[PDB]
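*Asks:* Here's the letter readout for the chains.
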Amino acid sequence: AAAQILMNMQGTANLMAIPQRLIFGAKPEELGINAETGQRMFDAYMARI
Amino acid sequence: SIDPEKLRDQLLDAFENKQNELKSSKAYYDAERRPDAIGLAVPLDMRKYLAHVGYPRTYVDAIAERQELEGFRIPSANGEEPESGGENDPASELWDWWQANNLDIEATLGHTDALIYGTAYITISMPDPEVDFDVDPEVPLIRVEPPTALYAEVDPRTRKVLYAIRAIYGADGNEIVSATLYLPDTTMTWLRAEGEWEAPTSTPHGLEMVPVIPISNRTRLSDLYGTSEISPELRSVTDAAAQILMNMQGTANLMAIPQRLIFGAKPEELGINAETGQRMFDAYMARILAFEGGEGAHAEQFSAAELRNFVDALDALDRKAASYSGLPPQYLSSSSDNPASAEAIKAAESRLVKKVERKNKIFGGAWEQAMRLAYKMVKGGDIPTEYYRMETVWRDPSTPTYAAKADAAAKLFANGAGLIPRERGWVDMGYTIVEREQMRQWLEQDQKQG
Amino acid sequence: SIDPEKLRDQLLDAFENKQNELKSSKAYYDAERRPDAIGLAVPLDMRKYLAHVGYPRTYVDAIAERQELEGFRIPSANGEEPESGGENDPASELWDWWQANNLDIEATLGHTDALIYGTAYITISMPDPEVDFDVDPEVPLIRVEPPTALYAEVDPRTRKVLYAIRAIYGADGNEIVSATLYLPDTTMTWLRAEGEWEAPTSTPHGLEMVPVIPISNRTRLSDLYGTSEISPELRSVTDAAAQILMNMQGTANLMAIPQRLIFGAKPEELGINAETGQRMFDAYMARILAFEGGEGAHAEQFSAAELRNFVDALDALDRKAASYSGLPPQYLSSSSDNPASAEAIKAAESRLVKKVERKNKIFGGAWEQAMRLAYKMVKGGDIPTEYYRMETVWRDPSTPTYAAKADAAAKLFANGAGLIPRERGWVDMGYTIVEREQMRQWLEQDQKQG
Amino acid sequence: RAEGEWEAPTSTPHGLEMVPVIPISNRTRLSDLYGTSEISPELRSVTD
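First to last, the sequence lines map onto chains Fh, Fg, Fd and Ff. Residues in the first sequence are numbered consecutively from 245, following PDB author numbering. Residues in the second sequence are numbered consecutively from 6, following PDB author numbering. Residues in the third sequence are numbered consecutively from 6, following PDB author numbering. Residues in the fourth sequence are numbered consecutively from 197, following PDB author numbering.
Quick caveat, the hints were computed from the structure, so don't treat them as lab data. Be aware that one or more of the hints could be misleading.
As the list claims (entries may be wrong) - Below, a list of computed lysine-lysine pairs in the DSSO-like style, where the Cα atoms sit at most 27 Å apart:
id	chain 1	residue 1	chain 2	residue 2
1	Fd	416	Fg	28
2	Fd	416	Fg	31
3	Fg	453	Fd	165
4	Fg	360	Fd	359
5	Fd	364	Fg	360
6	Fg	359	Fg	410
7	Fg	31	Fg	53
8	Fg	351	Fg	366
9	Fg	31	Fd	410
10	Fd	28	Fd	364
11	Fd	359	Fg	359
12	Fg	165	Fg	366
13	Fg	453	Fd	416
14	Fg	351	Fd	23
15	Fd	366	Fg	360
16	Fg	31	Fg	366
17	Fg	31	Fd	165
18	Fd	416	Fg	416
19	Fd	165	Fd	23
20	Fg	28	Fg	351
21	Fd	23	Fg	28
22	Fg	416	Fd	410
23	Fg	359	Fd	364
24	Fg	381	Fg	366
25	Fg	410	Fd	416
26	Fd	31	Fd	364
Please take these sequences and the hints and turn them into a complete structure.
*Replies:* Dropping the structure here:
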């Protein structure tokens with residue numbers, strides 16, 4: 245029983261101990277998503293809006 | 006039967022195949038990179054920021070740093086001089102060889118390799134003087150050597166070593182610079198001259214059996230070879246905590262601050278530079294940003310990740326790591342109470358003390374056997390049969406409270422009218438077999454003055 | 006054999022190749038800039054504000070500052086009754102050379118380099134009269150030299166030194182200004198840089214061995230050469246905590262403030278000076294701003310970052326750094342308690358005490374060996390067989406609870422009617438060999454008066 | 197240099213074998229050849 249809890253806690257710490265962030269109603273080509281990879285990099289240093 | 010040349014080429018392969026399992030125990034004590042310790046949420050370029058975990062180091066050190074040998078005990082039948090430390094005693098010669106070899110330094114090293122890898126090997130010989138050594142030429146050389154340098158084959162019928170190889174893996178791990186083969190009645194040594202062996206140096210010996218003894222970390226009777234003390238439970242918790250540390254450390258670099266957003270705002274109206282996608286704005290504390298809002302525009306945030314959510318798991322794993330290891334609660338789970346008195350100290354140390362008293366029992370057998378081989382090495386023939394009843398004697402593993410024993414021993418002795426003889430009060434105070442002799446000699450001076 | 010002319014060049018390359026490894030461990034104790042310490046969220050102009058973390062220095066000092074040498078024990082023939090009187094004992098000679106060299110300073114320095122870099126070396130010679138130094142001409146000159154200034158080759162087979170070399174750099178810069186070879190047969194020295202070398206000054210030598218003894222921080226037998234005390238676990242929490250401190254510092258400069266906004270208010274209506282983008286407004290505390298309200302305008306703000314969120318990770322990394330180091334949890338970020346009793350102090354310090362008692366063993370071996378070489382070099386000829394049983398004696402690493410010992414030693418001795426002889430009470434009170442000597446003179450002088 | 201550039205020196209022989217100046221130095225370790233400030237880089241960084 246305790247070994248199952250330690251695995252589920254460790255899985256949770258790798259997948260869900262963190263808020264997951266979503267945007268709705270934004271076109272991927274408006275954001276500038278690269279259609280060949282599905283991603284955009286953004287320079288994310290502190291306090292940038 | 007088999008020739009030394011073939012038997013060397015056989016044992017060097019077995020010795021080298023052994024290293025493929027020993028590297029898996031070194032990696033936890035040295036804290037090398039382990040794939041299963043890397044926290045999965047961290048992005049691929051940030052996974053260079055490893056977070057090593059010290060439970061295996063802490064646990065193996067906490068056993069080894071409180072094992073301390075003192076003089077061997079040997080019985081005698083109707084013996085006129087049972088007072089251990091006299092000039093003719095079996096106890097005195099074996100302890101003289103212990104000091105002359107510096108085994109009070111070298112054994113405490115060798116017990117770490119015995120705990121980390123599960124075995125280390127004591128070796129016995131007379132010193133060859135042609136090397137111009139700084140050793141006393143009348144004592145046997147006794148040396149303890151690790152499983153990364155010496156390997157021995159044990160027959161499971163007799164539960165004893167048949168033969169063994171030491172391989173000196175040279176400068177910077179490149180090549181075997183020399184090899185030594187131990188057989189029941191002789192020892193051979195070869196050195197690599199360049200790419201190939203020089204002809205063997207050889208030595209016959211008076212022993213009927215090979216001059217090597219395993220200090221084996223036997224956990225259990227059915228554990229034939231001895232096992233690493235860094236058990237699968239503590240391995241799994243060391244890697245579990247390392248993943249929580251990396252995920253927390255990546256979170257603190259990416260989400261411990263909130264992310265700020267604005268929606269419904271045209272970049273070329275905000276004055277965002279088209280070549281670079283940024284606008285600089287001077288942001289000294291109290292300033293207000295006034296915006297156009299023609300869409301019905303508004304500000305938004307993604308929230309910060311709360312780092313306490315990982316510390317909730319770091320606390321839980323420190324309680325599990327403490328519970329599996331049996332260390333006092335403050336070694337690992339230092340978010341716990343601190344022992345206030347000599348009784349509370351005995352309570353907290355109790356499981357670590359009993360762990361070490363059991364390893365004093367197991368490693369005692371290896372040193373007793375090595376001292377019987379050292380006796381036959383120096384003095385030929387059979388051993389006086391009382392040496393088959395010899396015992397190692399070890400310091401108490403508990404933290405030495407002085408005042409709590411001092412007046413307990415004084416109230417038992419009661420100035421010589423009390424419950425115990427003189428020497429028992431010295432043994433219960435924990436004075437060693439070596440220092441009790443010097444106290445006997447000082448007492449026999451004091452009794453001449455008053 | 007190899008020419009002394011070549012034996013510089015052949016292993017000054019190895020001396021320089023060593024410096025690339027030593028420089029890594031130095032950066033942690035000297036608290037220098039590391040790529041891994043820089044907090045990633047801080048923007049690239051603010052990344053000049055390095056924060057440094059003192060755990061490596063705190064740990065190395067907490068060991069290095071608690072160990073001190075009281076003297077040597079050499080086992081006498083005909084019983085443990087030696088004295089410093091007429092025809093004085095062996096130990097009072099070796100302690101005179103320890104004092105005459107100020108090794109009570111040079112050792113407490115050299116144990117720090119031995120813990121930082123993993124090794125340091127003890128160099129032995131007679132003093133040269135011709136240089137007019139402040140040294141007694143009759144004692145052996147013994148001094149400790151760091152691995153930043155000296156190197157040695159250790160035989161893989163016997164684990165004893167084959168060759169050694171000093172290199173002394175100029176007062177600034179990378180240029181050598183002197184180099185010295187030690188070999189079994191001789192010591193040789195040069196008094197100019199690489200190129201423009203002087204002719205060899207040379208001294209013939211009395212020992213069968215190189216007069217350079219390594220102090221080495223061997224944790225384990227399979228440490229062949231000793232290892233840095235600043236372990237990878239302690240490096241990991243040092244670099245991890247430095248990132249949390251930089252990200253917290255960036256957050257205090259950028260986000261500990263709520264950022265206030267207005268949407269739907271036209272910059273033209275607010276009277277924004279268009280060529281600067283700013284309006285100053287006279288902002289003493291209680292004033293109320295009033296707006297025409299634009300396109301149905303409203304106020305907004307982005308919330309502040311909680312600096313507490315990073316502090317909850319600083320506390321967790323302090324809790325790990327205490328657990329890996331084995332320091333008493335009053336050091337580092339101090340716990341919610343302090344040990345308020347003489348027993349509770351021994352409960353808190355038990356790990357640090359047992360690690361220092363362990364260092365006192367492995368550094369004792371190097372000092373005992375250096376004292377045998379110093380004797381064999383200054384007296385000439387053979388070593389008396391009792392010097393192979395020589396032991397260092399060191400101070401108790403724990404905080405000296407004088408009153409708790411004084412009650413206990415008094416109850417044990419009981420005015421001479423009690424359990425222990427007088428001198429054992431003096432040993433248990435922790436008086437050094439030189440203090441227990443001088444108390445014999447004062448006790449004999451008191452016995453003239455009664 | 198009390199009223200212009202250097203006057204001709206006064207002097208005193210002392211006949212010792214060594215210079216009559218001795219450094220007190222805050223030696224942190226053997227490799228710290230000249231000694232270093234007690235206000236260490238970490239204590240500077242937490243102060244700032």
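*Asks:* Among the hints numbered above, which are violated by the structure, and what are their numbers in rising order?
*Replies:* 1, 2, 3, 9, 14 and 20
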